[PDB]
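The chain below stands alone and is given in structure tokens; this is the form deposited without the partner chain.
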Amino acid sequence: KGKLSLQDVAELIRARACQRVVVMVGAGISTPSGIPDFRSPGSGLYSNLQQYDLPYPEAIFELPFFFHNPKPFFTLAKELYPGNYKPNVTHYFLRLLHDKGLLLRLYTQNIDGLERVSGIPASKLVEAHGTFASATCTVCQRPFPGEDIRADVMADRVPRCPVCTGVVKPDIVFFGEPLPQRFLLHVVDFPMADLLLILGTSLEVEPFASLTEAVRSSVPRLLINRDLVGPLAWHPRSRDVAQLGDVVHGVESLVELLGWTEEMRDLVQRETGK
């Protein structure tokens, strides 16, 4: 009756009364891995134009600039490719969610690929701005596993298509391109969620803002974020919970209440040594 607590949410999960969890994540879950929000003054990608050799921030994700000069994007790709950054506690909690059979889907706006890296299968992921895990020839649409262009990427060579010699581009969604097809999984995923989890994003921008409303009235929505802002603050529901502040502290708090602290350490353990 009245406000749910974080404890109540944990008890719902402990009781497997919630076992079809839909997760939405953004830039705020990966800052502890060493990746700042691209918009952060000083340390963000968009304020480091010089280092990438960029004329203006958005050019790195523009098709006509990329055709003119693919090297700045490939510098980012070399940095973001799997094996450079480490997933953190927040990623491993989502992994444990999966391992216990509770994760329906993880929707990510990130391109660091750290969800994949943490061991969550691709079928469980909706990578809404694309991924470095695959690549597509810009000329003939031939697909490549990301591992196929890795040597070229590491050696600062622009990878080329064996069929048409066109430039092969990692499957990152560029400006004006369509969202990936897998995003339409949202039509079935959201009516079916029995719990909505939102980590390190405020979900302020469409099309993600509207998804927060797409879960049923009775579904609890748990925000773990530095602040209560965005759609969840704009339109509170009786079963909403906010755990504000540091996301890693928020997650560790929930892990504690769930009784998973040790399983979490055993996981964060073997995985960090890989």
Second form
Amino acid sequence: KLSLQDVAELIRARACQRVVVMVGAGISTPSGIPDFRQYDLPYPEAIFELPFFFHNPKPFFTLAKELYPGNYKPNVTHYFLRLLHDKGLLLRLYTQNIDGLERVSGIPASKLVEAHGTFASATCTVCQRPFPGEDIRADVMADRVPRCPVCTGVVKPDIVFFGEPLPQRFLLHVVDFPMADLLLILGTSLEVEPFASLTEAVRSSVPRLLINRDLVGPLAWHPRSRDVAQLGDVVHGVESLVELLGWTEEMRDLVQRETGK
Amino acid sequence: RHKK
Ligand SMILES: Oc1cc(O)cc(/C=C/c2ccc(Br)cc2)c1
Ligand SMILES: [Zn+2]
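Hand over the structure of the form deposited with the partner chain bound; the form deposited without the partner chain is what we had up.
What follows is the whole complex; the chain from before opens it.
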């Protein structure tokens, strides 16, 4: 049975070269962003429901205003993932968060699958014209509902709502998961489909390493022999991994350069 | 097929 240090050594030697990462809310609460269960909502999920949104878009736009860039900064978990990218090891980072902190940490978009979408671009709900996110920032930032300069339809940031298809880039899972030589899961259980069974889609020779509050989800339910769990504070687990990798100095370099620490 |  593998330990965290064994995984660290597989990475230090390039036995692991093609890392596939999956993240959720657990990597964003250390940036001061809360998790998920008074916005004037009949119930929580209504903020990402299209009918509710057509009847009252203000609560969603209030969230957007709070999540637009400048309110939160990435933390060590994001910066560790940037380091993976910088060291030629990141095949793909699949994220369920919508805070945009992966991009902010400087992981290129081509390495990211923002599976619940993004505020960086928007779409007319009516005629489907696309618009860059900055185009609606003024309006969101002044609490006005943005409207389509052609058809008047509400222009909605490209956050994925309940009942909508995941973004087209989600199709990369068809090729990334068979290609992965290491799967890293940080700060999420992956209880919701499809994320849960993507944990099953790597080959059984592939270590699956979980850094998370607790052991839950398909790694609990269907353990394989090269699974490793590193339970507890996510930040602490990452920093431990960093330290076994010998990347302490590179981490400090990177955090100082990006955030002025 | 895959929907949130
Ligand atoms: O995995 C993530 C990451 C993230 O950065 C944000 C969210 C969702 C936040 C949210 C806020 C208010 C209500 Br009401 C319902 C949900 C989920
Ligand atoms: Zn329109």
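What we label the rigid core is the largest C-alpha set whose atoms superpose within 1.5 Å from one form to the other. Positions refer to the first chain, counted from 1. Shifts are known only where both forms have a C-alpha.
Asks: Do any runs of 3 or more residues shift their CA by 2 Å or more between these two forms on a core fit, and if so, which ones, in sequence order?
Replies: Run with every C-alpha shifted by at least 2 Å: 51-56, nothing else.
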